[PDB]
Amino acid sequence: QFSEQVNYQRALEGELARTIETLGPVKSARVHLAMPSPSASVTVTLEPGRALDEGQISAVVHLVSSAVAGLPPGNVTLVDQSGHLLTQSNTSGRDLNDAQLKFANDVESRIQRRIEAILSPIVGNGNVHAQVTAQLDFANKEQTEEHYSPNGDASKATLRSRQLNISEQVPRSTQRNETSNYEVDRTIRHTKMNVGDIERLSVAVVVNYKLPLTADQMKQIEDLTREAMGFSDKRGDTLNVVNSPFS
Amino acid sequence: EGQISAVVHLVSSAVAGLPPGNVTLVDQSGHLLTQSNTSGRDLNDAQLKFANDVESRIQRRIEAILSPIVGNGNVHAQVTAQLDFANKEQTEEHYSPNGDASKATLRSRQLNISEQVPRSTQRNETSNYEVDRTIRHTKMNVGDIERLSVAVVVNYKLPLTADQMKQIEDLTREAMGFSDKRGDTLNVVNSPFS
Amino acid sequence: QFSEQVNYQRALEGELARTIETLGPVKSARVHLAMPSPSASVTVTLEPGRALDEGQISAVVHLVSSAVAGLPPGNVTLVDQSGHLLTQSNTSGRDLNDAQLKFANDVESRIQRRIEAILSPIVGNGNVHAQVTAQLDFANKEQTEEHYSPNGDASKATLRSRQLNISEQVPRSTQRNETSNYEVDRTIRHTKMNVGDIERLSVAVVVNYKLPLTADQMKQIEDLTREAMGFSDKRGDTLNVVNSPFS
Amino acid sequence: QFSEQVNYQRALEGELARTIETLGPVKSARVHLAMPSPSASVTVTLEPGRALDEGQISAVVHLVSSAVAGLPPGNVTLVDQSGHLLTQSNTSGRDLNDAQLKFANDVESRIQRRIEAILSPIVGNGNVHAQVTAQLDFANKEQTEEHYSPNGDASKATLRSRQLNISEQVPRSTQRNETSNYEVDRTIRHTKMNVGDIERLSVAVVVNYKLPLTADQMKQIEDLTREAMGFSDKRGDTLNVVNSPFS
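Protein chains in written order, with PDB author numbering: chain R, 125 to 160, 171 to 304, 355 to 394, 402 to 438; chain S, 188 to 304, 355 to 394, 402 to 438; chain T, 125 to 160, 171 to 304, 355 to 394, 402 to 438; chain U, 125 to 160, 171 to 304, 355 to 394, 402 to 438.
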């Protein structure tokens, strides 16, 4: 039973390793598995002078994680042929806290390309530079509202039961007992907020001279950038465009 | 799609140690053609590819309805979509009011009425009701458009007439899916290109 | 028992790999399966200078997911011959998130072909362009009404029981006890709404000159496009047709 | 016992593949089975220059689903020799949202052929074009009414029991107790609505000139198309026919 699994695993590691070796810029691979919690460790030797991209690491990460039962993608350790632990998923002090910096760079880069793509037709191919700083909200945030409609008015209340006793002796000894049971309107919203939204944007744009651009043209440049940000005074976004001769 | 990877490998290999995933190919009118993805969670940034897809479709739509009017390359549009990626369930539960006796539905009714005539009257009245009840349960869509901001530049020919700029604004407003409920914003400017 | 399953699976992987190799732009395949959740990892080697499209991957994804017992199509990882992890359901996230974009594109494309097919007889084969933006409702939505008919009128109430005691002493000490049990009319509607309906349409149509078309002819063009939309003021659909000379 | 079933299934797949190969425009098949839910994945290689139609897929779909115990036709994945996932029920991602577009296209196409077949005798073989937009109701919808006939009149009530005590002392101390138990008429309708009905139709028809057609002839053309739609003011159908010279 034990010697069965060892030979089984020893042939599967060789099988899978030979298939990943035949993958272009990989001169040799060397996958080790931990089958008994599990895990795996691949040691690819890339072809001289190439490098697997970031989403090209997930190719191999999923090629081993899925060809093995129960092996998640977070335990696979990718190593170059000269150290270089390429999957920061391994080095775990935080390992997640700085995926936020790559994510924030992606958000800022898209807003930056958008501003530089809408102003390059007006002012020139290289006469504008923009830098965007995005403050992002990475807090996990759940919310449960539970609203009830008021039934204080009798012309919009909904009765389930009503016991109304009214006595009157005439020295006028009156009496009025009144039990009322209500059915109430109830809304229940449950929101699980998005991790990674934009709290605030600050954008700085410099446009070159041609001569100072006219104040009309500077006003319309500001309006286009304001529309290419997704500018919102609710978020408290800030925009500053200056006109200055380049070097 | 396969003709960008031609160039992607044509630049990644002619340079020592330069992988193909850091190379950014851009046309002469925006169009980040390289589909890129990042790591760490792999969830938080599938949203950036999704938001880019939404904005790209609205952008092609505006550039396909205005390119017949102003010219093949005399218009550029950039779209920024704020999207709602919150998971959101909702359960309403409405009841119709039965305060009027001419629209209430009784299940039971016990009405005792005594009267001694020194006029000692009495009126006990138990009432049980059947109530109308609507129960809506909505599970909202993750990935809708909260708001759109669109900027369009159109080239000169000469300044286009204010009439022609007004109709360009109306067509782009219809190609956005413009809605004042969402608080969409549109700005079209006419400016000579370079 | 152990060696049975390994040899069975090792031969089953070869069988399946050879069937996918015979698929056109596939010079060689290499499917690995994991079954003791299951999963599988294919590493296809496409013919030199070709690329399987995205929906042509689902062909193979279902061709492998179904030929193996209990393996859903979301666990199969397809990789090209140069990294390129083509299956992007790797996430725990948003692959269904953009099947909605393909769906919205299909809705808009049909309305667009319909407008360009009803106006091309009038204005010309290429003298009209239409773009359609469909806002679609992808919320899952159930509803349960429960209506009751009012029985406040005695001439339309339905009694099950009725105990009517009437005493009268004549100094006129009267009394009238009255218990009433009712049978009530009850409608119960249960609706499970459609995911993918059209909330709103905005259509922009440009028609070429010939010369400005007459205002009569433009009015009737507006009516035909309005009928090819499925225009409804309840949805708040918007239509704008402009006449402008092309380039 | 295990190796028995594997050899059985491995030989049965060859049996089934050879019988479907003998089916005209099919040069070779390759059925794989999975049974320990089941499912199957066939990869037919059609004869050079042919293509199995849509209802010609159900031929093979049922030829494999039934020759294997417990495999419904929705789990069989048919793939050509060049991708082409021919079965659409085996798709990844909601599997459904766009079978509604094909259905709506089928409904609209039939009404369109019907209008162009009733007007082609009058105006000419190609002097009329019609486009139909059908809004369809794809909501699942159940309903349960439960009606009762009113028994407030004593000349149409049905008594089960009746206890009527009448006392009278004569100073006239009368008394009248009356318990009544009723049998009530009861209708219970349970409707499960149709998924795919037509909520509303909008039809646009253009008819060519000959010269403007007479207003008499245009009125009768409008009436025939109104009868070829299945026009209904309850649905809020809309029809617009215009007469305009073609190009």
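Just so you know, not all the hints are guaranteed correct.
Simulated DEER-style distance windows between Cβ atoms [claimed, not checked]:
id, chain 1, residue 1, chain 2, residue 2, range
1, T, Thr146, U, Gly208, 23 to 29 Å
2, R, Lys275, S, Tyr393, 58 to 64 Å
3, S, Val198, T, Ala135, 39 to 45 Å
Covered stretches of chain S, as calculated for chain T (at least 3 residues, CB under 8 Å) [to be verified]:
id, region
4, 227-233
5, 256-266
6, 284-298
Note that these hints are calculated values from the structure, not bench results.
Using N, Cα and C, we set each Cβ at its ideal position, and we do this for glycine too.
Going down the list of hints, with the structure as the test:
| no. | hint | verdict |
| --- | --- | --- |
| 1 | T:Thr146 x U:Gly208: 23 to 29 Å | holds (26 Å) |
| 2 | R:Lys275 x S:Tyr393: 58 to 64 Å | violated (49 Å) |
| 3 | S:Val198 x T:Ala135: 39 to 45 Å | holds (43 Å) |
| 4 | 227-233 | holds (count 3) |
| 5 | 256-266 | holds (count 4) |
| 6 | 284-298 | holds (count 11) |
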